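In structure tokens, the next block holds one chain alone, the form solved without its partner chain.
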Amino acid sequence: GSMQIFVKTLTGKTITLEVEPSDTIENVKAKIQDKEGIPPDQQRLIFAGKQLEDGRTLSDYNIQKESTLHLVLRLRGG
């Protein structure tokens, strides 16, 4: 079931995560918070030229095995 994905920063390191296609974008941000200490409200996740909405799943966005997403950091905006 599960699979690994990567989350790249703009100019730093890359994060490796273990996920399932049924995982929501909100879950993935939780997993980053677990591995890096970044709250989800400070995280924009990007894939294929757009930011990803929290309540949608990876399979929803056609995110597959070994895909690389991008993490752009932010302050909490409302």
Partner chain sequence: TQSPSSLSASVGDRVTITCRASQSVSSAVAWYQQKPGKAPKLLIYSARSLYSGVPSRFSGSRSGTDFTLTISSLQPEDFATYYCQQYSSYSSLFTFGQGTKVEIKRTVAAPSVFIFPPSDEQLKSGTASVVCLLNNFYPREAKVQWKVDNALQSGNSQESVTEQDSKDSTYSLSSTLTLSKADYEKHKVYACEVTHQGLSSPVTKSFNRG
Second form
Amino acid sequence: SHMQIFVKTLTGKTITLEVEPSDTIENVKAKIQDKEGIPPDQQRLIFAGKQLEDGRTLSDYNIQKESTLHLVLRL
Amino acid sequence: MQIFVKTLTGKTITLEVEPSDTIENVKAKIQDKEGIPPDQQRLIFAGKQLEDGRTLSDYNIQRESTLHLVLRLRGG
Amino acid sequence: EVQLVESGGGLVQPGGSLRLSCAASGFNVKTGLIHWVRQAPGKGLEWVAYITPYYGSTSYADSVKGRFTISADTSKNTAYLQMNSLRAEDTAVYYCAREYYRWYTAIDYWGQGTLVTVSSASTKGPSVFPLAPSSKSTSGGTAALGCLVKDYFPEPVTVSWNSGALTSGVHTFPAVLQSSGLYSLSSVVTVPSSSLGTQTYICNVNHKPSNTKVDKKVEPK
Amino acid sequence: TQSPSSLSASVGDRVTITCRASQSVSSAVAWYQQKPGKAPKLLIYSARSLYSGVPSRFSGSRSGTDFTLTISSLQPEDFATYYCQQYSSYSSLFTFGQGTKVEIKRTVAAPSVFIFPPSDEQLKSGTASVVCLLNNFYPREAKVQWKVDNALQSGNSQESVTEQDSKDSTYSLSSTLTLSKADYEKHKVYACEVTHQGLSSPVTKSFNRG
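With the form solved without its partner chain in hand, show me what the form solved in complex with its partner chain looks like.
All chains and molecules follow, beginning with the one already shown.
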């Protein structure tokens, strides 16, 4: 069932996440909030150079096993 | 320089590259002989996964160094 | 454009064997996996086997494991299903299909399927009998007439009315497997009452597995 | 292994098919739509994401251990059979669930009942088939009982039903009663008795040998 993905900040911090392929971008951010403390309100995730929409899924964007995302914060 | 790419069948393949050659360009070189698109290729060295943006010299790969290849045939 | 074309289907005795072929085009089979999946007439889908052509690794359903051998030939771009120790319950349409990593386990392209029928019964041409229209088969402004296509093996059979002219109001019923182990079906058409006194009616039955071809005129009784 | 189960619905209805699941099996669940005579088509992959070209009225969801297929408002072309597919990482085995056939609900329509005596051609072969036809009825459920000189028959007849007609949403049924010429010749009244929701009481169509 579960996959492992990486989330890279631009501060040079890399966090490892446990996600299902079926997981939604919203749950991902909620998992980021769960262990990191950063609000989903203030998160913006990048994969293959594109921003990921909340209502869609990991699989929507062909995010695979041990793929890497970037996390850009908003103000 | 010369490097070896190792599969999972044990069928190790030879290769020829420069240090300035990108990771993307290496996967394209394996495609030319193996027939597998770069986006289905996962390349490994020293324990690290290799990103399609760095060069060979970035991860500091030398002549006769071994790379490990994982194929994305099943997703999930 | 992607295509999968299966072949090799047909008739076998219980205990016998048969080889299915699955020719692929518009893509290379070594970039993913190929599956066989079968469907018994009137029943659900059943996964059979898969191969990953690039490595040669296989996997098999329980109901099939000790007797089927899936395999691939990369140079021909074809995949095969070698079926041994065949039993009646193996009767089905067999599809091949492919999974590509991007669809996370899901099967995205499927062929139209080939028919494998396993039975001790001998291949046989159908007998065609008229279903005569009459007062016992009219309601209001229309009459029913038909053909009974009886005692044939195996499927399929094709029925056309008046060499293709009559296509409206035709009901060709699904064939039933009789107690004898042979197939029978009905083809009926409803036509206006008053065309029975002017038009002739001829059903055209083609049974390719036995090269039988019958035309039967249906007169009113 | 089995026949699909049937769901009756109207154009515009919301339908939620569920796929019972295990802890062992992976959450990479796929859904297929299959129409009579044709191959299955992929709708949903990875439990809840849309295959290329699938309309938005199709969605997928994870109800804990179980997985669901939802069609928010049913269109005429959505009336078909649906299958879930499961995959286990431990065994590498794939499994398709039972399959659900969604058919079109409409006002109850009684059948037209016709009967056909055996042809002379068949009678000379030493066999006798009587065929009883049920035309354009809804719903699909009907009972056809054969009668020979008012003896109720069983185990000498065969039944077939057509797919729901795509234009008027009715079904047709053909049933054949077969006897030997001899046994046929020893009796007079051959009757087809039909029970259906659209009938006040059973309708009988009969004929006398000859």
